[PDB]
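The chain below stands alone and is given as structure tokens, in the form deposited without Equisetin.
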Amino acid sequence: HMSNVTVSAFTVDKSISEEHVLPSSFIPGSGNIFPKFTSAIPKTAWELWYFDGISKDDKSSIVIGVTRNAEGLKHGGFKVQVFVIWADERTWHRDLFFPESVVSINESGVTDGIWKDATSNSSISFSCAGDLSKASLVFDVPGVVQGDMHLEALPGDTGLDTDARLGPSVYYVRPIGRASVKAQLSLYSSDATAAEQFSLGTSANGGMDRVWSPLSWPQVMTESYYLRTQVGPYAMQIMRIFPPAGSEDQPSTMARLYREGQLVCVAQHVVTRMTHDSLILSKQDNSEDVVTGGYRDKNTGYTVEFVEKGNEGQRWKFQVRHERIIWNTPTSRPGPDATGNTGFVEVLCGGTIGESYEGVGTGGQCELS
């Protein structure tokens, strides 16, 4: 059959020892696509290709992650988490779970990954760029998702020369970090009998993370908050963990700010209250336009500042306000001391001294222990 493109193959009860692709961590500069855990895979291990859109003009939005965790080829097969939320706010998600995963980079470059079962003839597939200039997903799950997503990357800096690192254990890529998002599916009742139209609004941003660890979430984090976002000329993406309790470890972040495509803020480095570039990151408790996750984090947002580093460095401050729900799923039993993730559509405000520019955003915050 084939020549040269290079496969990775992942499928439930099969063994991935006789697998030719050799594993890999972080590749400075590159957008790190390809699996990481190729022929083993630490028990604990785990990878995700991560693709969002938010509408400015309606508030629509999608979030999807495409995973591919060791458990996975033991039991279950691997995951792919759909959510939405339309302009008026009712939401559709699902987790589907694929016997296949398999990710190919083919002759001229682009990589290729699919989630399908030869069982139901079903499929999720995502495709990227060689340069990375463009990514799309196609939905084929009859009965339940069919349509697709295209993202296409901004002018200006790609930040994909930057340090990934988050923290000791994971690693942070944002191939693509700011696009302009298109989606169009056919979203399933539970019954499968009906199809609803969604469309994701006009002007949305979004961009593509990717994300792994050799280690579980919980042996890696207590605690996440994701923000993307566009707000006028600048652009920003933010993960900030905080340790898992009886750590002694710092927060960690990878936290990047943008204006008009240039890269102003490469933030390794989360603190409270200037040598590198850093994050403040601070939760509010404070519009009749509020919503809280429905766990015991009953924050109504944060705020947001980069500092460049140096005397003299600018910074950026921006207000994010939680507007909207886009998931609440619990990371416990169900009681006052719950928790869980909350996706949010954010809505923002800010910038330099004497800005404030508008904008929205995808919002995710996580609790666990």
The other form holds:
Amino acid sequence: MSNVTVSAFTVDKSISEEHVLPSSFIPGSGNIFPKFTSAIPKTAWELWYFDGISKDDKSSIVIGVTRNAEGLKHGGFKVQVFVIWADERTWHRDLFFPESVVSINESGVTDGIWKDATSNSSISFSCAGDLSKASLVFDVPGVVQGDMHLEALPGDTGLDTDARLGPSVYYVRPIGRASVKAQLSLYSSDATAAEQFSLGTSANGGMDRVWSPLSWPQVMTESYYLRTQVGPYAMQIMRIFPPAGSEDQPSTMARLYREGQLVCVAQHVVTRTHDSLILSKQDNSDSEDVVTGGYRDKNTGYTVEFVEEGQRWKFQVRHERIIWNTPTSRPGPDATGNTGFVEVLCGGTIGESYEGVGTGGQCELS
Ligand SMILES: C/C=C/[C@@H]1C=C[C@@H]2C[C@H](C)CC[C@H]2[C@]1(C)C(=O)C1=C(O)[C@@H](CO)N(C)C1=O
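Since we've got the form deposited without Equisetin here, give me the form solved in complex with Equisetin too.
Starting with the chain above, the whole complex follows.
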């Protein structure tokens, strides 16, 4: 091909002779192209993440497209698909492909394709060169078939901000705020039947972009993720507590937008100089429509305070529905695990009561 830059990872085939060079964080960029190209630390990983959640019916789709070093040796490159219907039924596969190819083409479009030529099966994504739009095609016969579309909402892109998440992780938000659609056919375990999934109306989400040379165990013991449009407000929170045996503070990459204007850029999480975030969890059973992780963390929700005589933004986060529960420990009375949530939100400034839904995920390593 001509004027097309490519990084091809094939299972059981060396990357040592890839022409393209590795990079770190590129300020002001989406950073969509892979960082580990011709050499990959044995613990390193890369993530292209997309989601959408409908406010009208709370259907939700969560996509995780990964590379890691281990994958090049053994087992391939994992793609995680999680869906929840309005009625709270859930569908989710971990799918592994032997080949992972990312492309920047002559137009400046970036394409990724995780594929298996043997099964004639693939999941791909495409990002416009101006990050106005991204889309995904699912084509795994008798598992998942369909697509997903994201349109960036007017306003600040937030790409001119720091993407460090503590000292060893990068977390860019290539599409911070987005309207999202999705039409999927999701097959049973035996591949004999299928159900239609249509993401509900008034759905927001986005695209995140994350890598580290270290495995997350060496990075975090706990993590919480939130993404939400709440009236004129949009926010993204990624908060981690540093690994066991560390004097480091909790790191955050938190952003608050108002009518598309970026109004708060927290890279510091505090309690009670720099834009900062308070993120404190609750256990009260105020209302009936509440739920919790199926592991040791029994929190029902969070309070989210953004602090700029600066203006003040507070939001209650109620866990209403479970998208997923996946373990990170043997079962027990003190088991840890990962939980995906349909989040319900309410707040803003003093006096304000805007309502939204959001995706959230909390992870604890044992
Ligand atoms: C499969 C790996 C994913 C990612 C890997 C390691 C990261 C460590 C980093 C320091 C914090 C967050 C972790 C990531 C960003 C993550 O948040 C999760 C997801 O991707 C979705 C599903 O895709 N999910 C299940 C998680 O909530």
